[PDB]
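*Asks:* Use these hints to put chain V onto chain B, whose structure you have.
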Amino acid sequence: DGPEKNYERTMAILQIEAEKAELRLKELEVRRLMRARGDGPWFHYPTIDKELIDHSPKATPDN
Amino acid sequence: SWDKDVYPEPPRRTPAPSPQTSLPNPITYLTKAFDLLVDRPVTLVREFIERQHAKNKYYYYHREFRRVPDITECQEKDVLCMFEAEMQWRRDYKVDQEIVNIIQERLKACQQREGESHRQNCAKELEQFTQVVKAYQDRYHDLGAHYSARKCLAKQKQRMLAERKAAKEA
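The listed protein sequences derive, respectively, from chains B and V.
Per this note's numbering, the first sequence starts with residue 913, numbered consecutively.
Per this note's numbering, the second sequence starts with residue 34, numbered consecutively.
The shape of chain B in the complex, shown without the other chains:
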């Protein structure tokens, strides 16, 4: 190959592997916060949908 090709091919490999390693460590922290706080897309457990409520006047006034 030649040293320059191998040398600069190695930097490309290292960049990809370091970018992946950082992303792996960040996903763990994001998962910890989302699960703990419930304020993100993940760990979003459903609640009753409010579009099922009937708002028409009822047979009695107090409600």
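Some hints could be false.
Far from chain V, some chain B residues (derived; all Cβ distances over 12 Å) [claimed, not checked]:
| # | residue |
| --- | --- |
| 1 | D951 |
| 2 | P953 |
| 3 | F955 |
List time: in silico BS3-like cross-link candidates among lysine-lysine, alpha-carbon distance up to 25 Å [to be verified]:
| # | chain 1 | residue 1 | chain 2 | residue 2 |
| --- | --- | --- | --- | --- |
| 4 | V | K127 | B | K932 |
| 5 | B | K938 | V | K110 |
| 6 | V | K141 | V | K167 |
| 7 | V | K198 | V | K184 |
| 8 | V | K37 | V | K127 |
| 9 | V | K37 | V | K141 |
| 10 | V | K110 | B | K917 |
| 11 | V | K188 | V | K201 |
| 12 | B | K917 | V | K201 |
| 13 | V | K184 | V | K167 |
| 14 | V | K157 | V | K167 |
In case anyone wonders, no lab produced these hints; they're calculated from the structure.
Here a beta-carbon is modelled for each residue, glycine too, at the ideal position from N, C-alpha and C.
*Replies:* Quick look at chain V alone, frame taken from chain B:
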């Protein structure tokens, strides 16, 4: 053929023959036979070969590595900068090995050359060998098989802190 400054040799002093005998010296007649039978035909063959090399002359070069920032300038976990500093440190490590080899060969050649007077006449070569081996030991000794620029730098800082502490003690 080689740099006489890198591999020095003192001027040669062979004494002129002063034969105090009448018997012929067989070693002078064997020298002439050697020159006639061995040297001259060997020289002729080489001169033919060198003529062919002259017809086709091409060149090769000594690779020059530009300097890149040391590991001291690399941010933690920054592999791209660490990679170039680490590779440079490895190249320098290999070059320092050959520097010690050069100084060891100077010392060994002096010992053989000075003969029975080597203990006195090779003091300079011994002193230079002693100093370079010390400097090499300080840089690279005790790092381990998994050595790196990081571990070399950590060793340097340990030594620097001790020296700073010893300076205060004095």
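*Asks:* Would you mind confirming whether the straight-line C-alpha gap from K184/V to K167/V stays at or under 25 Å?
*Replies:* Roughly 18 Å between the alpha carbons, so the hint for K184/V and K167/V holds.
*Asks:* Regarding the pair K198/V and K184/V, is the alpha-carbon distance no greater than 25 Å?
*Replies:* This hinted pair holds, its Cα atoms lying about 21 Å apart.
*Asks:* Please confirm whether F955/B is truly not at the interface, meaning its C-beta sits more than 12 Å away from all C-beta atoms of chain V.
*Replies:* 29 Å, holds
*Asks:* Just double-check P953/B for me: nearest Cβ-Cβ distance to chain V has to come out over 12 Å.
*Replies:* Non-interface label stands for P953/B: nearest chain V Cβ at 29 Å, farther than 12 Å.
*Asks:* Taking only the CA atoms, is the gap from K938/B to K110/V under or equal to 25 Å?
*Replies:* Roughly 15 Å between the alpha carbons, so the hint for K938/B and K110/V holds.
*Asks:* Measure nothing beyond the straight line between the CA atoms of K110/V and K917/B; if it is 25 Å or shorter, mark the hint as holding.
*Replies:* 24 Å, holds
*Asks:* Does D951/B clear chain V by more than 12 Å, comparing its Cβ with all Cβ atoms of that chain?
*Replies:* 29 Å, holds
*Asks:* Sort out whether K127/V lies within 25 Å of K37/V, counting only the CA atoms.
*Replies:* Holds, because 23 Å separates the two Cα atoms, which is no more than 25 Å.
*Asks:* Check the hint pairing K141/V with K167/V against an upper bound of 25 Å on the C-alpha distance.
*Replies:* Measuring from Cα to Cα gives roughly 18 Å; hence the hint holds.
*Asks:* Just to be careful, I want the Cα atoms of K157/V and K167/V compared with a cutoff of 25 Å; is the pair within it?
*Replies:* 15 Å, holds
*Asks:* Would the hint linking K917/B and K201/V be met if the CA-CA limit is 25 Å?
*Replies:* 51 Å, violated
*Asks:* For the pair supplied as a hint, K188/V and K201/V, confirm whether the alpha-carbon distance does not exceed 25 Å.
*Replies:* The given pair, whose Cα atoms are some 20 Å apart, holds under the 25 Å limit.
Going down the numbered hints, you'll see the structure goes against 4 and 12, while the others check out.
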